[PDB]
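Quick one: the structure is below, questions incoming.
Note that this complex is displayed minus one protein chain, with the remaining chains in position.
Chain naming follows the written order as A, B and C, and within any one chain the residues start at number 1.
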Amino acid sequence: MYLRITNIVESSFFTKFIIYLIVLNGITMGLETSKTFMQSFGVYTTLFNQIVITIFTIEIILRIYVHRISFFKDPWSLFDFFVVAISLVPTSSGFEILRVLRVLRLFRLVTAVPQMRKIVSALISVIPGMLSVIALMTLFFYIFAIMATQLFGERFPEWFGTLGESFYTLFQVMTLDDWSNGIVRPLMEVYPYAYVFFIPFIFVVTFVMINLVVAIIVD
Amino acid sequence: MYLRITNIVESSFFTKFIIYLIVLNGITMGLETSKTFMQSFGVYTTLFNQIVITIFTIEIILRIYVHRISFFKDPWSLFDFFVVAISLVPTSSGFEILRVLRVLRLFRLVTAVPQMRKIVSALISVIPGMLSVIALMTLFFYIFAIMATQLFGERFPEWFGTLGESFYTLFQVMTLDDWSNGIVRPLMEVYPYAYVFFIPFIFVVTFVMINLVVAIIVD
Amino acid sequence: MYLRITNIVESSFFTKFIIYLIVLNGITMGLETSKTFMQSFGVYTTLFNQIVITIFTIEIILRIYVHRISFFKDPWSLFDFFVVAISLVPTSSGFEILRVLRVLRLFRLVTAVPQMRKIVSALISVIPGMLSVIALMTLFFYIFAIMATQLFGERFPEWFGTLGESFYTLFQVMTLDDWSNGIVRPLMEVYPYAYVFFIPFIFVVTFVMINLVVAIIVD
Partner (left out) sequence: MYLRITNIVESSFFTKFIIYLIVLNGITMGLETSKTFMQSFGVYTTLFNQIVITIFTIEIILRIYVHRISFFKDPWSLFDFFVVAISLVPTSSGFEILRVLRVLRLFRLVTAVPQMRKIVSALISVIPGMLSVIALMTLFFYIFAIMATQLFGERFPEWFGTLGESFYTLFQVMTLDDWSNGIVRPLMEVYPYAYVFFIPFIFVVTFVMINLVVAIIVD
């Protein structure tokens, strides 16, 4: 010691205190959606946000002292740091995206409850086996997006004028969402063979993903 | 008479008789849909229904004396109870919801044929493992629906004006329903970076889905 | 009558001739589709048509002599039988539709090639173990069509005006097809609570589907 409190924080009671708080501020932020609540009780709720934001700043500080540099190879906490930090840049300041960003803290419920922690851990763990198929596909999107841009962006700029648009569109087509009547039929009014681009494209991205799911499943 | 009654409820004719009426009522309920048919034979049917509802009412009565508490620890029968119960209440009474809700008694055909009861049970048995993946997704939806209401509810109130609306819109998107031409493209015209909310959202939401099944298959 | 003919049927000439003809009649049926070809060669192919069915009908008779009672408890032979008898339907205008049912004769390619029959039969083989589920749906879809026609057919006759219409509409939403912006958002404009029919309906119809496949998986 070193630790004078170290045993707290480690303590079961204290964390669930954070967990009990998180679900509260999470409840607050929900109610903060109602314009009616914010005219009638906005005041109870702004300070409340700050108590919780203070306590959290506190709790994070405490946790770093105990763990010294070893807290910063814990992703969950790294997450807890940046997510609480996020909630600390001011509300009516510069960039209201940051105003919304502070709701990300509600994912701390995952961070503080090992079971969600366990789930998130399970899902990310299938990612490393996939990066190869993720690598091929991204290359393909990159190549076809380019072809689509050069083949169709002059007469159809909304969908294909810029590389990014071809990416966004191809993704849509990839998601198969309103792809015939929505994208290809029109295209085909001007360029009758455009199905020769799109129909194969649809085949490949669909074939691969399917087999991708099989490889996960086959133990 | 305890044994005398018990010997009645268990006969293969009682089961077949109630089942046959179920097959019959279900047919009438189908018949009840034609307003031509109603005009001509409507009266035949409004009464057959209550005749059937009574015979069914008796069956429930008979089965409870025999089983006492063992009738009410059986999930299938409780449902049977609650389904005939709801079929008890009158059309004029309250509002015309129960009047439709009554069609749920056709779920007795599942209730009464042992082959189907097995299928349902097999099916339901898949559910309990999911409560972990179920819960996580629910938190994710809650958080994101909140970010969505604050970001998009002023200019797109119908889709996102409300927590609920943001929930609805999101599931629709989750189902990938006309999500692209229908929602994100419009959003992007006011808020050009809206693809930065939905594309990731779609990823999380589709990946977790895969894994819900993989874990089902693998487990 | 057995001995004379039998020597023709099991031979490689008989089987190869019929099959290669299938491919010929299939090539020939593509062209009938272009009115340009039909105004310039229609008379050639309407009778080329006439000869294959002639060749197929005769072929059916022989195979029946040679196989006797064993012909009509063989499904593939039975199919060709049915698929040919149909192709025997009048050329002239008894009435128009059955005329289109003739292209089914291209399914003789399935019957007559052993690799495809393996596939088809393998496929059909999956059906019996699924049927208990199936029935479940048809009870489920039915209960709901009844509910749907009573709830929505008044203000929305096109989609829910008839039991049969509601079934259709209901099949559509299961396939998840333009289901929200297309169907249920409008419903909600009059009946704000329609999501209580369709969001559950969707979980259920989807739950069953996934689980149908896993049942395929274990088997």
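Here is the rule we use: contacts are C-beta pairs under 8 Å (C-beta built on N, C-alpha and C of every residue); 3 or more make two chains touch, one makes a residue touch a chain.
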*Please provide the labels of all shown chains that the missing chain touches.*
A, C
*Touching the left-out chain: which of A:77, A:111, A:149 or A:169?*
A:149
*Pick out which of A:58, A:136 or A:190 touches the chain that's been left out of the picture.*
A:136
_Can you tell me which of C:9, C:18 or C:29 touches the chain that was removed from the display?_
C:29
_Of the residues C:14, C:41, C:48 or C:168, I need the one that contacts the missing chain._
C:168
*asked:* Tell me which stretches of subunit C touch the chain missing from the display.
replied: 26, 29-30, 32-34, 99-100, 103-104, 106-107, 109-110, 115-116, 118-120, 123, 126, 168, 171-172, 175-178, 182, 213, 216-217
_Hidden partner interface residues of subunit A, rising order_ = 132-133, 135-136, 139, 142-143, 146-147, 149-151, 162-163, 166, 176-182, 195, 199, 202, 207-208, 210-211, 213-214, 217-218
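In the analysis below, only the chains that are shown with their structure count from here on.
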*Calculate how many whole Å lie between the centre of subunit A and the centre of subunit B, each centre taken as the average of the chain's C-alpha atoms.*
32
*Which whole number of Å gives the spacing of the CA centres of subunit A and subunit C?*
44
